[PDB]
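Please model the entire structure based on the sequences and the hints provided.
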Amino acid sequence: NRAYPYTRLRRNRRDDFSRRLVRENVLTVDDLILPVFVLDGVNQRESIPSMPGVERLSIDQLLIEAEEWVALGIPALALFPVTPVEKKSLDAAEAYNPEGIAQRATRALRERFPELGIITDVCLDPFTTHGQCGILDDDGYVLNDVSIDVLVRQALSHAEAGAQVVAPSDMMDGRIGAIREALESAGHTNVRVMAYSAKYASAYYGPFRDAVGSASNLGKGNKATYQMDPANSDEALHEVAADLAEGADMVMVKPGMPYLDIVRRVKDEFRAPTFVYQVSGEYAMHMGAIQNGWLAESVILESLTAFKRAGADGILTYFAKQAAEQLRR
Amino acid sequence: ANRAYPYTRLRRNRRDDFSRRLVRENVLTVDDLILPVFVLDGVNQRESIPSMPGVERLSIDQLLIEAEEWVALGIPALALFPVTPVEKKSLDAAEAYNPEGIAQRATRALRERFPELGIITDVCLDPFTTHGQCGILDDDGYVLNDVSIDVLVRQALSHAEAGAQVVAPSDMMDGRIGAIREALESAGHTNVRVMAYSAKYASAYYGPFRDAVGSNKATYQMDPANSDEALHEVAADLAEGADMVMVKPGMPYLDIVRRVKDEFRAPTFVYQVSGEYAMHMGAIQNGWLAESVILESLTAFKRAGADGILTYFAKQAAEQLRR
Amino acid sequence: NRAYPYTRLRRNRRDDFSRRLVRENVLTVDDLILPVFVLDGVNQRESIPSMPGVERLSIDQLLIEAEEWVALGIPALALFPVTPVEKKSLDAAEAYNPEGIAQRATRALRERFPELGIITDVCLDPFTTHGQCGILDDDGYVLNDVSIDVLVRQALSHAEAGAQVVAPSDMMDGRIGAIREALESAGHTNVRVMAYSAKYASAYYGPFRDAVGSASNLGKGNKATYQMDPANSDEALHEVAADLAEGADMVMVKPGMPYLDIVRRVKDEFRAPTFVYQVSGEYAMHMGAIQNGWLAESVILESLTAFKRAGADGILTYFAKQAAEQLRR
Amino acid sequence: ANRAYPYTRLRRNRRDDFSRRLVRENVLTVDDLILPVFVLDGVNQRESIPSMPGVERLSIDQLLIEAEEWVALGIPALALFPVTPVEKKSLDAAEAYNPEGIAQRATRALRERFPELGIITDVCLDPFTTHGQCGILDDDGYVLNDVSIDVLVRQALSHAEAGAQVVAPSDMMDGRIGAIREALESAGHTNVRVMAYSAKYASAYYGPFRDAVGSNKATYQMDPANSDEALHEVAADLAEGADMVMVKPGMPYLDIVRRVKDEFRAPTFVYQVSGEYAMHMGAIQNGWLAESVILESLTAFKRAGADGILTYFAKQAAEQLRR
Amino acid sequence: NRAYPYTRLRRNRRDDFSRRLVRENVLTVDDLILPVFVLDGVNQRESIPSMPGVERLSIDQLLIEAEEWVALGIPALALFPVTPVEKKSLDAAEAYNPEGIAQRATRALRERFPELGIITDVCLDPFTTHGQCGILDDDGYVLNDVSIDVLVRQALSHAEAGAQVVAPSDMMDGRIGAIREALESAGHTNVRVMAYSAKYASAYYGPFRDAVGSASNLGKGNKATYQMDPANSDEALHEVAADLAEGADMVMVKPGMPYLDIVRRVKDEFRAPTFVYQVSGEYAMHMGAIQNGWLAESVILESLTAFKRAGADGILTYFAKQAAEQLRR
Amino acid sequence: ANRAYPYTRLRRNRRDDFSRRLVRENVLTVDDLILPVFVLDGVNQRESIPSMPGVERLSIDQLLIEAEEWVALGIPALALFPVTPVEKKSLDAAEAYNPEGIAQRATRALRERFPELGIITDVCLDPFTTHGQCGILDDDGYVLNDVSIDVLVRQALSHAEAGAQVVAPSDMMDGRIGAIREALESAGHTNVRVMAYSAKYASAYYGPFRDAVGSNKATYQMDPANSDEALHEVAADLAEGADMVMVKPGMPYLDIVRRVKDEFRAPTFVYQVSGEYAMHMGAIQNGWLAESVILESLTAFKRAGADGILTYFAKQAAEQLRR
Ligand SMILES: [Cl-]
Ligand SMILES: [Cl-]
Ligand SMILES: [Cl-]
Ligand SMILES: [Cl-]
Ligand SMILES: [Cl-]
Ligand SMILES: [Cl-]
Ligand SMILES: [Mg+2]
Ligand SMILES: [Mg+2]
Ligand SMILES: [Mg+2]
Ligand SMILES: [Mg+2]
Ligand SMILES: [Mg+2]
Ligand SMILES: [Mg+2]
Ligand SMILES: [Mg+2]
Ligand SMILES: [Mg+2]
Ligand SMILES: [Mg+2]
Ligand SMILES: [Mg+2]
Ligand SMILES: [Mg+2]
Ligand SMILES: [Mg+2]
Ligand SMILES: [Mg+2]
Ligand SMILES: [Mg+2]
Ligand SMILES: [Mg+2]
Ligand SMILES: [Mg+2]
Ligand SMILES: [Mg+2]
Ligand SMILES: [Mg+2]
Ligand SMILES: [Mg+2]
Ligand SMILES: [Mg+2]
Ligand SMILES: [Mg+2]
Ligand SMILES: [Zn+2]
Ligand SMILES: [Zn+2]
Ligand SMILES: [Zn+2]
Ligand SMILES: [Zn+2]
Ligand SMILES: [Zn+2]
Ligand SMILES: [Zn+2]
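Chains as they are written, first to last, in this note's numbering: chain Y, 55 to 383; chain X, 2 to 324; chain H, 55 to 383; chain R, 2 to 324; chain S, 55 to 383; chain P, 2 to 324.
Accuracy of the hints is not assured; some may be wrong.
As the list claims (entries may be wrong) - To give an idea of the chain H side of the interface with chain X (calculated C-beta under 8 angstroms), a few residues: (1) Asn79; (2) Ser256; (3) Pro261.
The set of hints was computed from the structure by calculation and includes no laboratory data.
Positions of the beta carbon are idealized from the N, C-alpha and C atoms, including for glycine.
Pasting the structure below:
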């Protein structure tokens with residue numbers, strides 16, 4: 055029965071102090087996870103035109119840049135290897151190579167910065183000639199259970215390299231449980247699995263596929279037989295429920311802003327650690343507008359606050375350093 | 002979600018600080034902290050309080066000195082509690098609405114000097130009555146409801162005139178929020194916030210505040226046994242126009258905080274009262290508990306859903322948080 | 055649509071009789087469980103400076119004091135042995151020694167007072183040199199499943215001694231199910247398991263670690279890799295759900311006052327027998343204030359009524375005798 | 002929570018008295034018990050009631066004698082039911098508001114003598130009408146709603162003037178709670194509680210009370226079939242200002258108690274009516290049921306969510322509880 | 055926002071037609087199940103003083119009386135044998151005797167009235183010398199799992215006799231699942247199990263124990279280690295959930311009127327076929343009052359309507375014939 | 002509840018008629034059936050309706066003849082629909098409130114003769130307007146809301162004066178329930194029930210009724226697409242004082258019935274409209290469906306939560322139920 059003029063919702067908005075007192079959500083640097091593109095080789099830095107301000111870095115350069123991310127208090131990185139063209143195959147075997155970019159980078163960072171969280175990407179897409187997330191059958195379909203076998207091998211290799219978190223981004227059915235049972239069997243008791251539970255078949259991923267070099271491989275291919283239809287919301291709940299039952303420690307929605315309603319439903323329904331990826335296309339859209347002078351730089355913290363408001367525990371964001379810098383000030 | 006060991010091991014996210022930080026559900030910040038402060042009549046005076054180790058009654062000039070650091074630390078607001086000279090107490094509680102009473106003077110001083118600092122005044126007769134009850138007594142010793150409201154209304158208007166951004170009725174009369182709000186609106190004070198003490202219990206935990214300000218209540222304060230009743234109290238105060246609602250005491254009533262936040266989704270505050278402070282500080286000084294119990298106690302309120310916390314630990318907490 | 059002045063919530067507060075009629079919760083002595091510190095030896099009584107008014111008692115002295123607890127109608131005791139320094143080890147073997155303090159005390163009390171409930175503590179912390187609740191690996195981490203093996207042995211020894219309730223306070227994952235399956239297999243059909251389900255990594259435990267003599271062992275060590283983060287509420291629901299699925303008969307939240315919101319959520323969510331521990335630091339805070347004249351002794355029953363109000367079925371409290379005495383009057 | 006045998010054996014907590022006590026969800030206490038009592042016009046008189054074995058109509062002086070033990074036992078309140086002399090009945094029910102009617106006299110006597118004892122008066126015309134209906138009849142024999150309310154209002158004010166702390170309208174007219182509350186407020190009786198009989202059914206279980214007080218109703222009392230309707234009845238009475246709400250009869254309507262408590266979280270009472278008492282006592286005296294069924298019947302009400310219970314067993318129960 | 059005088063709840067009560075239009079529940083004879091006490095022998099009829107108007111009947115007499123119950127459209131009977139004293143034993147073997155009263159009566163009635171439902175009682179109490187529902191251990195405790203073994207045998211014997219429904223009234227943990235697995239294994243695919251799920255340790259059963267002749271056996275014994283505490287409501291939900299998971303087709307609350315809040319919660323929570331027993335003490339109380347002229351006979355249909363209102367699908371009631379007769383008129 | 006085959010076989014309870022009867026969730030009875038009837042102006046006249054096979058428009062004397070059997074069968078109420086002579090139609094719809102209009106005459110006749118039979122009158126202008134819209138038209142052809150209400154109010158009062166126990170506004174003007182209820186209360190008709198057609202859709206299923214009574218509406222009747230909107234319609238009608246609420250059409254809107262019952266727990270009715278009847282009867286007469294589809298259709302409404310059903314099958318159903 056709250057009614058104007060007895061209730062005037064502007065009163066608490068009248069002054070900064072009262073806005074601070076009634077503020078429902080506060081972003082902190084504990085919320086930020088930085089994705090990073092990792093090159094092979096030494097002393098390599100490469101700009102990405104469709105992700106202004108982000109560079110692909112060789113491992114040596116990554117370790118230098120990480121000093122600052124650690125100093126800013128960024129809790130974790132999510133690694134994305136930029137696989138050389140020659141290491142792509144039909145069998146995706148590079149995925150489980152102990153000397154692959156991801157495994158080498160993990161061992162280097164685990165050594166150098168023991169408190170920094172490392173989240174490796176469990177997916178075959180960086181490793182396939184065709185750019186799909188799994189192994190194809192003779193009809194061109196991404197086979198579910200054969201792909202899981204490879205994913206398992208990959209996840210184990212990551213655990214062996216020391217990754218504290220493996221994040222399967224593949225959208226195969228059942229892979230969380232398969233990976234978890236493999237980790238348990240092998241004694242990797244405490245390796246976290248951060249499931250990409252509700253990962254949509256989106257147009258927002260284009261810049262990332264440029265950054266990692268899978269755009270050329272995928273071409274005009276699509277992923278509608280495994281990634282979720284953008285139209286579907288209830289389905290995301292079923293996806294998350296399975297992954298929690300299968301042993302996920304964290305669950306993720308991807309993409310992010312375009313799916314904030316999904317974040318809120320998933321947090322409300324399961325009350326579990328819930329993450330969201332502000333993907334490459336989201337970063338690119340915002341950057342582009344900022345550098346054109348169309349949007350003020352304040353939009354960065356507004357975009358991130360939205361995820362917090364929608365119920366996210368943490369956010370994978372290419373803005374993590376920028377944001378950490380602003381928050382610290 | 003059919004989560005089962007060993008597929009689900011809840012300790013995995015606990016393994017490392019980074020993952021604990023990622024999955025952490027609540028983070029206290031200085032934005033959460035409101036400092037109560039006991040205000041004396043004089044100049045260049047401070048007094049120690051036997052039952053509130055570490056807390057000083059401060060004359061207004063001393064308040065303004067300390068307020069420098071409070072503001073520097075980012076503490077958003079203060080809650081003022083005047084220490085009324087005994088000569089100013091009466092059966093009619095008229096001192097409550099004296100334009101040059103302590104609270105009014107303190108408010109004007111602080112408003113002018115630290116314009117961004119929130120000032121929350123106490124609307125209650127208890128510092129002004131010779132008997133220390135929160136309202137006016139009838140011949141049987143009963144606290145009169147509606148008679149008391151009339152005084153409280155004049156009080157609240159006097160605070161608005163002094164410049165308070167928030168008035169906080171702590172009296173537990175029925176209907177007082179509506180009466181106060183209708184008086185503020187009619188006077189043109191359309192942005193003065195009302196922070197209702199909605200679910201304020203008849204508690205043993207207030208002993209030390211009575212030492213601090215120099216002052217039974219079961220016919221107006223709530224029975225500690227009752228939880229559902231708190232929801233009806235809050236409902237009425239929101240309908241009557243409260244901008245924020247408060248539970249008092251605090252840690253002994255964390256269940257009430259959570260139910261109030263869950264039920265109404267409105268700005269909800271909690272008071273970590275004098276006895277809660279005293280217990281904690283006493284145990285800390287005795288060496289029985291680590292200093293860490295201060296931030297743990299305050300994290301509890303955030304976890305229970307509080308938007309902000311009235312706490313005598315506000316400065317110490319703000320300091321620790323800034324490290 | 056209840057509105058002043060038609061609705062005046064003070065009317066029922068006007069008189070004692072009406073306050074009694076509308077009172078939502080009434081504490082009784084059926085709510086009180088007394089923790090007690092048990093020494094080895096004979097005719098031993100020791101004060102604890104950080105728990106004024108509580109004594110550690112040898113078994114003979116415990117049996118004498120128990121006559122009065124039984125007379126007051128206190129339903130159960132929770133036993134906490136004060137392990138001699140020389141019986142602490144890396145392997146915690148004393149935990150399952152049939153001639154350990156807990157097992158001896160249980161057999162004595164089961165004999166002397168057959169109707170009195172005995173709740174033994176299932177944890178390795180009193181028995182380890184390092185004071186952690188489980189067995190350490192070579193990185194200093196408390197190993198989950200190896201610790202459970204010891205806990206199991208301990209629980210069985212307690213059942214063998216006649217304890218009606220075993221209460222695992224260890225916070226290892228899965229231990230309720232492991233203990234339950236062991237009890238069932240061994241024919242201990244009716245031994246209750248009172249899980250410490252939501253047990254937080256708290257500062258409020260200091261006096262107890264003084265009382266049992268584990269403070270020196272633990273030193274500055276912490277338990278954040280197993281006990282819960284104070285910040286977390288939803289997580290407590292997941293903890294409780296697992297322990298009910300695993301066969302707990304009762305579930306507990308610890309500490310108590312600082313976590314009353316957890317008590318209420320757990321009762322509301324599961325509608326199961328829910329207990330709360332008013333821990334040593336809580337007792338010490340209140341006692342200290344009472345003996346300084348800062349708080350009236352009425353605070354004791356107010357503190358206990360809060361647990362009842364928050365939904366607790368029973369309360370582990372060092373005030374149990376004091377409170378029983380007051381209630382009886 | 003996926004609880005499954007044999008990991009979960011619900012009998013474990015049942016194994017021992019101590020564990021049954023630990024997990025026990027509800028405990029009846031004397032605080033729950035309100036004693037109805039039938040009050041005669043005379044002096045030094047008691048009468049037995051054929052259909053309520055063990056229950057005596059009591060003149061006021063005898064009431065005051067018995068009230069000593071009731072108070073000693075801790076029984077919080079009585080609910081008075083006058084046994085009106087036939088010569089005082091009329092079509093206008095004016096005896097209802099007679100300042101020296103039985104209920105008014107009894108109230109004043111008890112208020113003065115046992116000031117802490119709660120007195121709940123019955124607001125209804127049925128003891129005062131020649132026809133025994135709860136309201137005034139029109140020419141077709143229909144109980145007039147609004148005309149009846151006017152009488153009930155005068156009745157309730159007469160009880161407030163006599164000192165009753167609680168008035169309990171048992172008439173089942175629409176809107177009567179609001180009318181009564183607006184009359185009490187306007188007269189200054191701001192703390193007189195109203196215990197509404199909110200969901201009172203058209204029941205066969207009232208036969209023995211009509212023998213007791215010396216007196217069909219389907220156009221005002223509720224149809225036993227209806228559950229949802231009870232929620233609408235209660236909702237209106239809370240909005241109209243009831244301090245407590247009541248379901249009557251009691252055990253045959255335990256489902257309604259539970260729904261009412263769950264829906265509104267308000268102070269909820271239940272009447273274990275004359276027929277419920279008579280059935281139980283008859284079976285106990287016949288040797289067909291053990292005396293233990295008294296406390297079992299009353300435990301049912303607590304379990305269903307009742308705050309308090311109007312029961313003719315109140316003294317026997319209080320005695321058993323005190324052992 | 056419904057408010058007087060716009061809303062006057064009496065308007066629909068003004069006339070019979072409108073009361074009928076808004077009436078929420080209507081009892082019908084499809085709701086009534088008749089319990090019946092069965093004697094051994096021929097041409098035997100015995101009154102029961104504590105259940106006025108009810109007779110124990112030998113099988114021949116039962117078949118005669120059943121013609122009228124069938125004609126009235128009573129859907130089912132619940133049989134309760136009156137076991138001869140000499141057939142009571144420690145092992146309860148009479149429970150599974152193919153020539154026991156229950157098995158003989160079932161075969162007779164299945165033959166004579168093929169459409170009439172027969173619900174047999176699965177419990178050891180009619181068959182034990184001590185009157186407890188199960189087999190005692192050497193401490194006098196009713197053993198759970200050993201009792202189930204006997205119950206299983208009994209249930210199978212009933213299925214063999216042709217009973218369409220077996221109703222375990224024993225309150226052993228897990229017995230629904232054990233019985234169901236036995237029935238399935240033996241090919242009794244369609245034998246229904248009507249679980250007494252929430253059966254309370256009540257004083258209301260005295261007349262029945264007179265009627266079946268177990269009062270003398272039980273004496274002053276109690277059943278608090280298996281039947282539910284009257285105080286407990288949430289516990290009933292846990293009891294029902296287990297029995298549905300274990301394969302019950304119907305669930306029952308007993309006693310009835312004193313537990314109507316339980317009926318409503320169970321229906322609301324599970325939305326499953328829910329039954330309630332108006333027990334012997336309930337019948338006796340009402341009869342006694344009716345025959346004393348204290349209550350009108352209308353109380354019978356009022357009592358039964360309450361069960362319907364509280365959500366019961368059907369009611370076990372000794373008033374079934376009386377009520378069927380009234381409804382038919 | 003983790004129920005799983007083969008431990009759970011849902012067919013077990015289906016095995017036998019007795020167990021199907023035990024577990025049956027809903028039972029239709031004659032108490033559920035309200036018969037709509039088309040009433041002609043004359044004497045000794047009946048007319049057949051091409052699009053409603055089997056249904057006869059009846060003059061009042063013929064209505065009274067048939068009402069004998071309806072009452073004998075236990076049918077609780079009728080809903081009257083007059084067949085207005087074309088000469089009595091107008092732009093102002095004044096015939097609606099004519100004291101000797103068909104509906105008024107029929108009501109008085111039936112009230113006097115069958116005093117226990119409920120009579121539900123139709124409050125709408127559509128039988129009285131030359132254009133057949135449910136309200137008064139403006140110059141653009143729009144149905145005026147508030148102007149129309151004034152007419153409907155006079156109509157409803159005329160029905161109350163004639164003795165109708167229930168008036169049923171079928172017009173879908175906003176606010177009409179409140180206006181009607183305030184007029185009935187002010188006139189002293191305090192027990193006249195209002196059966197609101199709350200969620201009445203702009204439907205193709207009404208074609209045959211327009212043939213029957215001898216008469217687009219998307220600016221007042223609801224869009225068939227909308228479900229949530231029905232809840233807002235019902236909410237308003239309950240607040241405005243409706244005693245019962247109705248969904249129309251019926252089977253095509255069973256989802257709405259269920260949501261309305263679940264949301265409000267109030268007396269909820271449904272109209273199995275002319276087109277639903279015609280479809281069913283046509284298919285039955287063609288031999289395409291068995292007669293059993295009548296009781297199946299009506300069982301659907303009970304299952305969806307309806308308290309009662311307006312259905313042209315009422316007599317046939319009542320007959321079948323009585324066998
Ligand atoms: Cl936040
Ligand atoms: Cl690991
Ligand atoms: Cl209680
Ligand atoms: Cl055991
Ligand atoms: Cl029904
Ligand atoms: Cl079968
Ligand atoms: Mg998936
Ligand atoms: Mg959150
Ligand atoms: Mg976070
Ligand atoms: Mg100075
Ligand atoms: Mg209030
Ligand atoms: Mg919040
Ligand atoms: Mg805040
Ligand atoms: Mg756990
Ligand atoms: Mg409880
Ligand atoms: Mg308890
Ligand atoms: Mg005398
Ligand atoms: Mg009413
Ligand atoms: Mg309660
Ligand atoms: Mg009570
Ligand atoms: Mg069971
Ligand atoms: Mg039903
Ligand atoms: Mg049925
Ligand atoms: Mg004729
Ligand atoms: Mg409308
Ligand atoms: Mg219904
Ligand atoms: Mg109906
Ligand atoms: Zn991929
Ligand atoms: Zn005050
Ligand atoms: Zn431990
Ligand atoms: Zn009456
Ligand atoms: Zn039995
Ligand atoms: Zn119309």
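Violations among the numbered hints: As far as the earlier hints go, not one is violated by this structure.
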